[PDB]
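Assemble the whole structure, with the sequences as input and the hints as a guide.
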Amino acid sequence: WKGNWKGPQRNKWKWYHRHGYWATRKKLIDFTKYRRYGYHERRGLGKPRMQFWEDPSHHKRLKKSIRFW
Amino acid sequence: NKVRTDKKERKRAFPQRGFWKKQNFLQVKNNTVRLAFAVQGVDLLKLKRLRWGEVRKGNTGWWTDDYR
Amino acid sequence: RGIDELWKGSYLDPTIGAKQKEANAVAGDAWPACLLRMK
Amino acid sequence: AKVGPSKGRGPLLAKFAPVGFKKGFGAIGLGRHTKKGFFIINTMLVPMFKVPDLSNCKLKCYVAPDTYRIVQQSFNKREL
Amino acid sequence: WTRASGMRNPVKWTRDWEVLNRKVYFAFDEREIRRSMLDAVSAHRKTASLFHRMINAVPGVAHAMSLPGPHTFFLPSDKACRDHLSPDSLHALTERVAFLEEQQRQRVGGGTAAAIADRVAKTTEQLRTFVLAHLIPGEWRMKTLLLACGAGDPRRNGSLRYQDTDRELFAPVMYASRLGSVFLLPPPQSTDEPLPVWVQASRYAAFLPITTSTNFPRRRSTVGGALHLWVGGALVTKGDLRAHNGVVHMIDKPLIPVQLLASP
Amino acid sequence: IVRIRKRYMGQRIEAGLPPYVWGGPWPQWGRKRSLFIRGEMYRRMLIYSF
Amino acid sequence: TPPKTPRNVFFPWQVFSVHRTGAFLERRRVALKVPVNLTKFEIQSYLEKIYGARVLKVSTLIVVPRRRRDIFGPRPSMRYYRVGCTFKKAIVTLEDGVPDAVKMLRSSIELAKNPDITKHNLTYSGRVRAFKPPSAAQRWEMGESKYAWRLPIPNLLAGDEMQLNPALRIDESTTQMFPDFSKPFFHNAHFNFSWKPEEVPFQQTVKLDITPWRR
Amino acid sequence: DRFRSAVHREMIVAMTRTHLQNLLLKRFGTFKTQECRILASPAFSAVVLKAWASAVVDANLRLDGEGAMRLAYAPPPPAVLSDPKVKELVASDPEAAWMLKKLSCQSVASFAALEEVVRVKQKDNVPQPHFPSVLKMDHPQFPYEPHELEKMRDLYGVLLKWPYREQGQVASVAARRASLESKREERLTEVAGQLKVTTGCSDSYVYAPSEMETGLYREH
Amino acid sequence: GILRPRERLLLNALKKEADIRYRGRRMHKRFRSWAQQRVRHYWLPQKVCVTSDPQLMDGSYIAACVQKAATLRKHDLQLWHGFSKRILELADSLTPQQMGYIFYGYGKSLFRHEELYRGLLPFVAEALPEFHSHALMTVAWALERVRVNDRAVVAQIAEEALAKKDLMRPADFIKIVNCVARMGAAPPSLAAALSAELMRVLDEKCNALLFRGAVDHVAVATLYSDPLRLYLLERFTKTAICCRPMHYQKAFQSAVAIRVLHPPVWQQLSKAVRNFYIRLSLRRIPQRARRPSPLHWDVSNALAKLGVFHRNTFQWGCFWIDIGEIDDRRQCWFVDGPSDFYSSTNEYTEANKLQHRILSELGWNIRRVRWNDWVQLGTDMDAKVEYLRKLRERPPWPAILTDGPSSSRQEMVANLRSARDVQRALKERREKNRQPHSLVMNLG
RNA sequence: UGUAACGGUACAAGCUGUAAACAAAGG
RNA sequence: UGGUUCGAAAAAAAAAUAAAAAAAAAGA
RNA sequence: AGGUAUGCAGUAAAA
RNA sequence: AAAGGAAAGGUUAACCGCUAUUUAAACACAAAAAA
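Residue numbers (PDB author numbering), protein chains in the order written: chain Xa, 113 to 181; chain Xy, 348 to 415; chain Au, 21 to 59; chain AA, 41 to 120; chain Xf, 359 to 467, 480 to 550, 576, 590 to 626, 653 to 698; chain Al, 645 to 694; chain Ap, 11 to 225; chain Xs, 252 to 363, 372 to 447, 462 to 493; chain Xi, 2 to 445.
It should be emphasised that the hints constitute simulated quantities derived from the structure, not laboratory data.
Incorrect hints may have been included.
Straight-line distance between alpha carbons at most 27 Å, and here's what the computed DSS-like set of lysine-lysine pairs gives [as the list claims (entries may be wrong)]:
no. : chain 1 : residue 1 : chain 2 : residue 2
1   : Xi      : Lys206    : AA      : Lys76
2   : Xy      : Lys393    : Ap      : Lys50
3   : Al      : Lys676    : Al      : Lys650
4   : AA      : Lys76     : AA      : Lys63
5   : Ap      : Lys193    : Au      : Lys28
6   : Xi      : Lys17     : Ap      : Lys50
Residues on chain Al that point at chain Xi, a partial pick, calculated with CB under 8 Å [stated by the list, open to error]:
no. : residue
7   : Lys650
8   : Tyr652
9   : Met689
Even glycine gets a Cβ: it sits at the ideal position worked out from N, Cα and C.
Here it is as structure tokens:
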């Protein structure tokens, strides 16, 4: 190389502003692909069916659709 | 690092003849600790050197055994 | 004056012995809702 | 990856970011930034803890073990 | 990326002391000023009201003082004029400045009218002479004037370098054991007599050893500093009011020319 | 020679002898007037604070 | 994350617990684990109203447990984890002292970990050189005048309980003998101030000759 | 009269005692001497020096500054010698008796002059500084003259254990000395140094402004 | 872009000098806090216009206007005399809250209109049973600040605070006790009762920030009982860290007063507390700039013409001395102005008497000059020199400072006007004497 | 809806929301 | 001592953050 | 030659 | 000569803006309407 060697930089500002959560949202990519640390639309099954021996008074299924005061 | 994400294990795949011991720096640190303990009346070095089950009060030892 | 209450009588208290610590540690039942409803 | 939440790093914090990053933890606001880098505090916004007079209170954290027997008998005498 | 500033400035300045000394030279001696001498006078108009009014009311004076030639202007204060000029002279000066301003305002808006032109000409010439008696060719800064008067010369600065006092009379609790050269500046533009300049030790110089480490060998004005610079019998109160085309020095007495002075 | 001189001076310090030094000609090992330049800087800082 | 504190509480849920530190803490100081979202005013009011403690100062730090990799045991899963929880460490300075046996850790297994003994003579981190700002007495405003011991009022108050002469506090095993002022000697030995006593004779000021070739 | 209240007299006596203790400590070396230790001891100050200060105030000999070492060299007053508390301390404390006997023996009677002060100073036997011949000597100064470099290289193992030699036997230092002397020409008993006494007793000192608001920098 | 090398160098040097200027500028800002507190829970939620016609104002409106003007520093003589006229018209219809806010405004602005306080005090006394903590505190505070002394009403206010002890705010009670001590209005029984209540208030209800306000040397010397003194001196050692220079100064003065006048209490203290105060005596407690007044300067000028060396406005121990002679250091003078006494009277203030007694017992020979007598001399210098000489030829003043003859508000106003005229004349003929007036121009 | 961050819980691929596994016996 | 905050100057947005929770009758 | 300590608007001049 | 900073803030001036405004902190002090 010439003089002092320069390679790919580790820059938190650049990485977070170019490849972060919101930047990935603004990108044009396949959003049906699962991303561990970012936005994706591989949807889950939700809370599973109650087993016959559990207490229905404690079994829970909904959070937002029933949110009262 | 402690999480073992670095590549520092790459060099350890090759032999080396020896390694620096940093004894000057480590002895300065150890003597600083010893002084901190000694200003309060504690002989940390004596405690560290005591044999298992050995009791030595004050600044005593084999020489005390010899002359007593 | 009052901050001592965070450790007084507990196993962190340095001014009391092991038997006193155990005696202080013994505890009864939690308040039942039936009795709580009467207050 | 070498930057971001990967490898157990989790969400970003001011400790792990360069100076200039602004992220708190959920504290309430207690004043206003001025136009010259100051912060005027208003004590009217300090939450007021409501604590009753605990002196001379016969209640305690737990209940004596005999209370169960006493209440059970007192209720069985009514039920029967 | 960083937002550190102030004492955490991310700029990697040089630590070389010689380079920093050169930087001092560039930052103080070779600094560039945009404003002009009349800009400075206007900035201090409230304290130099009479001279500001004269500069703005006497034809030609502003043109003379706005020229590129590096100049030094010694500005008296209204307080100086009031203290040193006789009441009649001050009244005459105020009346004539007001007269010129009134004629200017008339412009904005027999023999008796003819005499007005003669009076205007006379007043303009006299006030122009007075004002230009303080304008001096060249740029003479305060440190240059001091070094010309000899302060800073080890052979001549005696009586200005080792001032001391009877310490026990002023800081007794610390002294229990004691409890028991005229330079000449070019003449004003309106005259031919060169201006004398000298230096003296201020009353505050003697008290330095009481509160500073010293290495000595074996009424009075209240102006600050250790050295006082006198110009033509007038004390400099505020110096180095630098401009683009000169420098203004504030003085405590007006330098009236001999022609305008009254012999008897 | 530096080691020997340092040993001797430290020995005097430990003994508690008066803080005397060799007085002879000290050679000049540097070129810069750092002392006076820094003093001028400090003067300017003090004036700014005032 | 934690619920924001309402203007009126009536039922505080915040847990203030004593934290045993491996570092040193002063006499009138104590370290507490506290929820991260609480302010110093909230902490002080909480302690003064629920316990009646007379709090003088609150200092706060945010503690995030370090990342850890599971690498050791048989069949290890190389996954990342944190031990404990993120919390606010509140160091409270009160009007009265707090027992060292309460506030700090001790050990007879690792004999070096005795902060109550070692005090501030050690740094309990990777810090090598300790930084301490100047003390209040060393400051100028509200600081100790170095000639006040000679004044009448301090001597009237001293009585027979105190002796104000600083010459009496000189450590014999550290100070050196007085030198002759007319002969070469160090300034640091016995002066301990930033000025030159007049009793030291006139000193020579040497200015570097930067251009010998010119002369 | 001369006093407005008991607290007035107490303040003046405390100031006088502090001044006397300072003077005696400086007379005996200000530290490193058993005499200084004894003068520092709380009992000696409480009894002996307190009585001495009261006697001085009674005698109206309140001197301040360097002119007060007369008091330090004067013998202890007979009132101090005859005070019963002083006698009890003398009996109970060997150091107090030793110190008081030394003060009685080594004193200037007239102060109750310079020749007598010199005699008493010699008797005191306060240790004196002494500039060492080692620090008067010289050792080679880098850069070395080629002959010096060459000789030291050849005799490394012998000449570099103690390179100190008397002035003039080191060419490197001699040349620099001669050059400095030439530039100078072109241009044209050992006693420990002490800071002068800053304490006092007189009204002029006691009732002087404290000057703590004024910004005095030379604190001492 | 690029710069020509000269321009590069000049601007680079400017940048370096700016950095160094910033560093030098921030050097002395040890007590500059970026986080700052502002008190606003006393501001009323109603809106008012201060210049509205007074005849349309009621108690609720005029009180709010007065307080708002005091907060905004709108110190206009015409506005505040209109306030006084309207308030005196509405005296019959003011609640304790409104009267408290009015007194706050007047005291905070230091508007020394004695007639308004005199006319409002009887209604305060009549309505005392309905007063609350803030109103009582404010009335006492304003009276103390403006030097309007009414011992009977102040004692009644203190008694009302005692009766409402369970409702009083701790800070208000502390301020009331301090004001009572400074005005000298509590006989021994009331002093004992106030001390007994203050002990419990401080021990149970006050943290360090509230307690530090109780440290007042006048109250310690003249009001507090011995157990209260001991408790206060012991507690200050614990609460020092949160204190400011004013608190340190008052603690030091309290310790000196106890040592000089109550040696038994000083000894009843413990060795650790005594050590704390001994070490406090060694500190540089930041004072604030003091300068001779016009009357002080006139007295100094007359003394210098008489021929007595002296120094002015200096600090000895924990006291400020007006004049301290040089030849005989024990001789000192105090120049007493209108604010050193209570309004319309020649009775000295408690602080002045305490300072006089302490300095006298510590040894100073004090002499005092009264402005009421000085003003009658006029601009004459021979008369003033003779006055000072005759005072010098007489013995010093006793350790107990006695009050002067009786006076009235009429005479006080007349003397204040005369002092104004004398000040004007002296300044005029000083500056005229300074002016040379010797340059004569032949311009005409 | 779905998912996740922190927090609590056997410091967890489970459960769970500062009431963080349980109220079922109230004018 | 810095960030924050005003300016440069920016939705040119650092997911789990704020002077940032429905925004004055606030009960002094 | 960024902003310094009652704070929001707001015009001019400038080491 | 290759022709180089002015936004916000501080200073001075001007000012019929405003609690979007300096403690219900304190020290000092011959000091002030109308009549």
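Hints, verified against the model:
no.	hint	verdict
1	Xi:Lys206 / AA:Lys76	violated, 38 Å
2	Xy:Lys393 / Ap:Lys50	violated, 45 Å
3	Al:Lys676 / Al:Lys650	holds, 26 Å
4	AA:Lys76 / AA:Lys63	holds, 21 Å
5	Ap:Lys193 / Au:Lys28	violated, 65 Å
6	Xi:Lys17 / Ap:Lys50	violated, 40 Å
7	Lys650	violated, 36 Å
8	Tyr652	violated, 40 Å
9	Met689	holds, 3 Å
Hints 1, 2, 5, 6, 7 and 8, counting from the list given before, are not met by this structure.
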